[PDB]
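Only one chain is shown below, in structure tokens, and it's the form deposited in one PDB entry.
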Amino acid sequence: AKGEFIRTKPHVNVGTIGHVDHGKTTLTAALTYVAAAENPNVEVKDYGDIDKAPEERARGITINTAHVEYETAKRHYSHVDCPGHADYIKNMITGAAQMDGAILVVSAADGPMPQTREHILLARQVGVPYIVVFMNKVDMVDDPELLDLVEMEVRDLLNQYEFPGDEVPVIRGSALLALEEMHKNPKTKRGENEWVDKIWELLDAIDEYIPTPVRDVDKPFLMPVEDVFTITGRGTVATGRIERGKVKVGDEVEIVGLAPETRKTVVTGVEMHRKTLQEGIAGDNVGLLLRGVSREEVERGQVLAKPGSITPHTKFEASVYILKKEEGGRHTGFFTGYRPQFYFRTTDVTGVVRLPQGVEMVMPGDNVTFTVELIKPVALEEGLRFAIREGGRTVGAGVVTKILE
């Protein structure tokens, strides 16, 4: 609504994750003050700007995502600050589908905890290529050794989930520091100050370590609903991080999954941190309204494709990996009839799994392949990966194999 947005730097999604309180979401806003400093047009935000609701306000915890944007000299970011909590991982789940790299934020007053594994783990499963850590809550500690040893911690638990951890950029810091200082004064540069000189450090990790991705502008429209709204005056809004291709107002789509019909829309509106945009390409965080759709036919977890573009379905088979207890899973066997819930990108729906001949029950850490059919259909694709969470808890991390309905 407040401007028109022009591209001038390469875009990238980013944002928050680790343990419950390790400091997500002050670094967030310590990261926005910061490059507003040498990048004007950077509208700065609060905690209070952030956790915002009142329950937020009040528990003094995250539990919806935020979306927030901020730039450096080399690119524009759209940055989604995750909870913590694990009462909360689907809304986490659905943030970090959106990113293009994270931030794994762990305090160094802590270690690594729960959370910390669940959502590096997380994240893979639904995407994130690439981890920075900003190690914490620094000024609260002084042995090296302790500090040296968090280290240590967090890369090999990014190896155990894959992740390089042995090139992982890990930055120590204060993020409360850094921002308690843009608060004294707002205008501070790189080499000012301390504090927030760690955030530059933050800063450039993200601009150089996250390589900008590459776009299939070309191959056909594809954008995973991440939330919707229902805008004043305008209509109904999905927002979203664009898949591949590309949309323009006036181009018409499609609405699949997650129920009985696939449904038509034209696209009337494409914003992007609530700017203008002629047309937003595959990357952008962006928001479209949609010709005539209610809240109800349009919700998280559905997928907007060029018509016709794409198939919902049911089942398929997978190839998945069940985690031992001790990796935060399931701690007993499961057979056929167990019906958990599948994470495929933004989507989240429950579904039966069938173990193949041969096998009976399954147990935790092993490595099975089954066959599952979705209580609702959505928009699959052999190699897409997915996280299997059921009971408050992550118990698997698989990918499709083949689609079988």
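For the two forms, the rigid core is made up of the largest set of C-alpha atoms that agree within 1.5 Å on superposition. Numbering follows the first chain given and starts at 1. First, how it differs from the form deposited in another entry.
Large C-alpha shift between these two forms, rigid core held fixed: of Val80, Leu288, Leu158, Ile89, this applies to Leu288 alone, with a displacement of 2 Å or more. Taking the rigid core as fixed, one finds a CA shift for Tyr130 smaller than 2 Å between these two forms.
Once both forms are overlaid on the rigid core, the distance between the two CA positions of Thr347 between these two forms is 2 angstroms or more. With the core held fixed, the Cα of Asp207 is displaced between these two forms by less than 2 Å.
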The other form holds:
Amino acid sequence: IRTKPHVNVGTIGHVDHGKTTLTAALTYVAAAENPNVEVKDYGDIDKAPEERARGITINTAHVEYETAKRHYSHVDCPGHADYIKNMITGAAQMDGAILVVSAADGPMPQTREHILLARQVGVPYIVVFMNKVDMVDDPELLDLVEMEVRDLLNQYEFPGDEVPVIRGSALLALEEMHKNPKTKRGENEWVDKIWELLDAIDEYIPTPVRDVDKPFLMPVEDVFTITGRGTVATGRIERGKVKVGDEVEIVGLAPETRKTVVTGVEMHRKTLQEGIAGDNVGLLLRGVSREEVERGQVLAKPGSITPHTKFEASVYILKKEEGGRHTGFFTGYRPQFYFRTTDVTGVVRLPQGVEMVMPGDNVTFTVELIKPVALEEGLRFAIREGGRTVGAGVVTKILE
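Could I see the form deposited in another entry next, after the form deposited in one PDB entry?
We keep it simple here and write out only the one chain, dropping partners and molecules.
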């Protein structure tokens, strides 16, 4: 149901500091208007039996909403160390984010780690939201805990002292949107900190510009059997657009390029004609159950960039100084490689010249994924092995 500017964002921060809560406080604060802005409550997201059981976001969750000017595609990341993988993924099919941060616990393990991941994953812009303020009173402490986030956002090459420290409270401002569902701006002093936070979004993040000029390509971000029909693959398409009924294909993880039909093309549960650039679309397909498509492949019309096992690439191994490894490695190294959606382990086989790649080193070499994948010379990709990120690089070529 076409209309406004669909930008991509999200919340990423330590565990239990607020990512998940300050989310409804968007599907309410800016929902207190537009019939578009719907009912995205807390326990709403954390649908998972376990999630709500443990009390933490494990599984990635995304709940849209629109200010006035721009429409948004805001994703909610988990904070537990155990689940960065998921977290990572998200921050990949987005651009620019809200650094959820406890104003009562200062920075923390994930605080860093996440920003760092951001830094690593290259993310565009960030804006703090010094939250849980209400728990904090002593001012010498509220200032004192902004001087550390600037400090930190610096350390990880970032606007540091240039960034917005929208001190606020995700809960109080959400206990309001609950009482008075349609409270508007300039009404609640808590539903105000929120706006300042958006007046920083619209204010910090510039644009979600792209291009739908090159074929079907859906970085399959998700899959489910939606009762009564076939199955849908949610996932912010990079470059394509899908008018239901398009003979398609899945290019990746699965053996051969599976073909089916887009006879199902929703979007935010609100059917669209043919989703476009960066729009987190969501289509069904005729003849491809879940058993026919998993997070990872690239739903791509017959003929879009092919699947590969081998290939070549220009890589930059981060120094330990950048969270990379501290010991070089040589051929036989099998670190999983990340390609937008999924991640697959590949067996590095250094060039017939180099002998031992080292931290800091910037090099070239071959790879041989344990599975198949959508490759294209220039297709920049990331590398992480046991515990952390090691180096970034591009697909300099292809071999099979």
